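J.: All chains, full assembly: derive it from the sequences and hints.
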Amino acid sequence: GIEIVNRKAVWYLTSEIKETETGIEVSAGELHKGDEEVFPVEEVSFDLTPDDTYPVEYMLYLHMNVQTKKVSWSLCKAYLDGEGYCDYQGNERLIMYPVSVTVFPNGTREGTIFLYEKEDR
Amino acid sequence: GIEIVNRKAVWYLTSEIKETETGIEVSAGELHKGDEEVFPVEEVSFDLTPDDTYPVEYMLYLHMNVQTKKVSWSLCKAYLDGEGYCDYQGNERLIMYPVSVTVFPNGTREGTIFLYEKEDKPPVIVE
Amino acid sequence: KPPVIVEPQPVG
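Residue numbers (the authors' numbering), protein chains in the order written: chain A, 1 to 121; chain B, 1 to 120, 126 to 132; chain C, 126 to 137.
Source of the hints: derived by calculation from the structure; they are not laboratory data. All clues given are correct.
Below, in silico cross-link-like pairs of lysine-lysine (BS3-like), each with a Cα-Cα straight-line distance of 30 Å or less:
#1 A/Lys118 x B/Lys126
#2 B/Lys126 x B/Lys70
#3 B/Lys70 x C/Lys126
#4 A/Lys69 x A/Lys8
#5 B/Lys126 x A/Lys77
#6 A/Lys33 x A/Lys69
#7 B/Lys8 x A/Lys18
#8 B/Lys126 x A/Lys18
#9 A/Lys70 x C/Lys126
#10 B/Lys33 x A/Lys18
T.: Here it is in structure tokens:
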């Protein structure tokens with residue numbers, strides 16, 4: 001299954017992230033760096049599609065353009081054949097990776113949905 | 001907290017609706033009647049202000065004047081004291097209730113954001 | 126500035 005990890009951090013996301021029948025749905029929300037700064041985050045969704053032979057790793061990245069302040073989503077899809085793996089390859093500032101799921105050929109999903117909330121006041 | 005409910009409907013709104021630390025923000029968007037007609041919807045926002053004594057119910061209405069086709073926002077606020085409730089009452093056709101939240105004196109929010117979708126999000130590929 | 130305020134009904 002995909003376990004839900006509620007976790008406190010300086011950088012936190014108010015977007016609702018959930019597992020659906022077909023994949024992952026992330027609602028529109030806000031990225032916060034503590035009390036100081038807030039950035040708008042668009043909604044995003046993707047299918048957790050299995051492969052016939054290999055398990056498939058899905059890793060969702062939340063990164064920021066340093067110049068424009070635009071916070072965007074990136075998705076890595078890797079086939080776990082001994083050479084495939086997920087690692088953020090982009091040139092923007094990686095903030096977090098709230099979804100990490102391995103989908104097995106028979107449809108079994110194993111991984112984590114990270115839900116970051118504010119450190120306590 | 002404030003839950004999000006996605007639903008496939010004939011009437012759907014492309015406006016982004018989100019909870020902020022102070023209240024609710026609805027972006028400018030489009031109301032769609034399937035694939036037959038689209039109507040412009042203005043941005044709207046409001047504070048989820050608590051009361052010192054009673055819990056407060058917030059209700060957001062999206063309604064349309066069927067003759068002018070003007071689509072507008074209405075907000076009802078109710079103080080949970082047992083003497084009043086929120087209910088949309090006007091002449092205009094009520095299209096949807098996308099926000100319904102109860103705000104308790106200490107700031108605790110309980111409710112739902114209804115996000116209507118098309119019947120029958127690609128993140129860039131970091132690959 | 127929207128929204129237009131709708132007053133709550135009295136119960137009863």
